[PDB]
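Here we start with a single chain on its own, the form deposited in one PDB entry, put down as structure tokens.
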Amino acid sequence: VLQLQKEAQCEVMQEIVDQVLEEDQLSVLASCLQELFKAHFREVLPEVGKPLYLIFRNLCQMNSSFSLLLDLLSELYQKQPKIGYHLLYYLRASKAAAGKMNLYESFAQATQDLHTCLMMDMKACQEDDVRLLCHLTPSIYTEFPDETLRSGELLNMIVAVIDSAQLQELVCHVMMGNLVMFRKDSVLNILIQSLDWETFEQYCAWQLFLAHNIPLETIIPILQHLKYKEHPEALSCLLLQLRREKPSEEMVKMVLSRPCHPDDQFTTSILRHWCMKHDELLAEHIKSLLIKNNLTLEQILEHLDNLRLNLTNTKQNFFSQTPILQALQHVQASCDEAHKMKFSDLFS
């Protein structure tokens, strides 16, 4: 009787009676409101007072009534999954939900866990309402760091549907201290995952990483995963950012660990920049790495021969430096004769 009556005001003032009567089998009620609240799951964000949100309202204001309404929400969520992000939006838009994001967790606990339903609801929101996903991302990352920070799937969802404007909005959110998408202990695995994504997705992932306060030294092992035919997006971004670094010995080692391919100019690019800006430090690092490996010897020597051939188009002195001359003389003997001949101009 109280559902076959189900203007907006009459409807919410009746939904309240529905809840009050529930407060003293709920699957069939869930099915009937599932049918009656279609055409409300359509946009969601404006450019709040609907009858379904009333339930949320009660749950924010209400012990065993709490669990009762949570089971009702669970049944409807089983019948209508979109409810999920509609809850999140509510917890961000309503003044009644001030300081009650916790509700979602308990909602996720009462469903037929938190991480699962959050991933599913964010995926549904990405499929249904990109604007709502963009506007929810900061609060979802801030309130659920242990469920989002180690998640490459959420970042994939986000970077798949955003344009340049929404990317800029996320970047400003990060730089204003309102959004954290990466942590130092998980960002490397996430970017290794990223290397499988679409082009613009990888560009967005790297632009987002650059907005954070994570040193490149944290993710520099990813160089061992970058293939020059397959990952030009990541190689581009990582090269343009490695430009600005004072190179560690580990960074030079990771750069020299890329396989030698004549069509790949990444290593010569970054080594040229570093030798032009930090000649003595780079020479020290190269000497140390040459003596430590005595990454193979011949790989290092071929990279340095490529750099030597390249440096003839600009006046410089990099190979006249004592450390690398000492290293070349120290290390010539470990090559075989074929490689002693291959690098004869370098060993001179």
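Rigid core here is just the name for the largest C-alpha set that superposes within 1.5 Å across the two forms. Numbering follows the first chain given and starts at 1. What changes on going to the form deposited in another entry:
- Of the residues checked (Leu282, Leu301, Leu307, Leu33), the rigid-core alignment between these two forms shows a Cα shift of at least 2 Å for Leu33 alone.
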The other form holds:
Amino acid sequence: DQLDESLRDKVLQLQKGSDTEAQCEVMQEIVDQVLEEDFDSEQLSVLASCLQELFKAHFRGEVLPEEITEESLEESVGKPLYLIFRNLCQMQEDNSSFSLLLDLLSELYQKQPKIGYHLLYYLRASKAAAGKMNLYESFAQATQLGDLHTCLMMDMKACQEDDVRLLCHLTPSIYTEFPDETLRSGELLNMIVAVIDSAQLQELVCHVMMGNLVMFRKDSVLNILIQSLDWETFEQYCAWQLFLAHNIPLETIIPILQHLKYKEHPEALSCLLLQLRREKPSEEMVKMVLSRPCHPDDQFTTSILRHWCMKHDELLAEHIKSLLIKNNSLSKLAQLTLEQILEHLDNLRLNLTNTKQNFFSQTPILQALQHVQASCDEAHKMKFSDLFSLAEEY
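Return the structure block for the form deposited in another entry; the form deposited in one PDB entry was the one displayed.
Chain alone follows, minus partners and molecules.
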């Protein structure tokens, strides 16, 4: 016992005779000879073995046509192995053939772990699918683990190892028709930014601006980026570029700055630094700039301050006044925060000499300066002699 004898010739029928047209019409037979004769709930596994070796012609090479057109897709859905899917979309839910075919698939994916990202490709490529993705949902249900996200991530990772051109092609449709299982967590992001070249990164960046792709929501994003500080230089770099495309305000992610260490987060710091420049500084943004501790090597805080104060002398001075006074009142951490803020200001002052602009000589700073002198011992007052004594007059 092995194959079914009334079927043994059908196993090798289309093994040679291979012209696309006389293949799909010589395939509809195999569909309907499982309905009439039930073929158990176990005979499903034997047909999977002799079709895996049958369609090796297909899995190697490319899955995508050269020219990106609807008929170019239709040419690749016309391909023999893509008929099964055509059947599965036309059917109905309560129909017991909906699960029967599904269990043939859920067994064929089990042997060949690449039917998954094919399934995704079909459901976009073919217009017999009608865009509907519920068929992939049905598939991931059937799969032993039963989870859609876990399944999706397996398929995409397979695709990202096999045909990156396809992974880039699909990425808009995946993030669109499955927002819940995609947007929140950036494993799918990490997958993409680990294979995409400069052309593809642009390809994707345009989709975002066309509004044809969303890879982040404002609630999900800051978490993803936190996770990005681990990735490879260019993955991180690619991630920020995709973020910058999205138009979420920099305020949403400004807390990330607490997580950014000089000696180890340069890609992340660079991008953020070069973005912070073009921003009307909110109070919180100032607060975070000031919150990073003073290393003599870390030039980032004085970079961003010098730049902000050119463009926004007073608005900034206000912010420094508020926070200064706010921490003046509030002690152990208050004095450490105050000291750190004072130190930062001193670095800026020892820097700003190279310009004859006036930031440090305006009232809202001056006010806040002498005011916060009160709550100081000689340990501080003598260190920042120059800074304080710059505000002698009142």
